[PDB]
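This document opens with one chain alone, in C-alpha cells, the form deposited in one PDB entry.
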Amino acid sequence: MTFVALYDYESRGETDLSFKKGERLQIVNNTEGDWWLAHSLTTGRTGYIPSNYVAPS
C-alpha cells in the first residue's frame, strides 16, 4: 500500500531508489519478495538476498 518517506535517501547503486523526506511511495508486488541482508555459512560471503529463494531450517 501507500507509505511516506521519513528521511532522505540517496541511491548507492543501480537498482535502489533515491527519494526525499515526505515522498509518497507505493510498494510494488515482486516475485523476488523482500530483500534481506544475509551471511552464507557455506561460502562465508555476505550480501542481500531475495527472501522467496530461501526457507527456514
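Positions refer to the first chain, counted from 1. What changes on going to the form deposited in another entry:
- A rotation of 179° separates the smaller rigid part from the larger between the two forms once C-alpha atoms are superposed.
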The other form holds:
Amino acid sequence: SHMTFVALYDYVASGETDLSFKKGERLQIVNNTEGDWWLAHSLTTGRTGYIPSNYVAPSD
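Next up, the form deposited in another entry, please; the one we just looked at was the form deposited in one PDB entry.
Partners and other molecules omitted; one chain follows.
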C-alpha cells in the first residue's frame, strides 16, 4: 500500500492529467498498472496525477 518513490528529475506536466513535480520530491504511487505512466500523489504538494515511470525510483 505505501509505495514511496523519489523523483530523479524535474517534470513539468504538459496537460491536465499529469502531475508536475521537482527532482527530489517524494511521491506515493497510487496506480502502477501501466508501465509507462503511473498515477502518483505528491507527499509535498498534495497534488495527484500521472507521472512518467522512468522519472522516479523507489525511496524511503
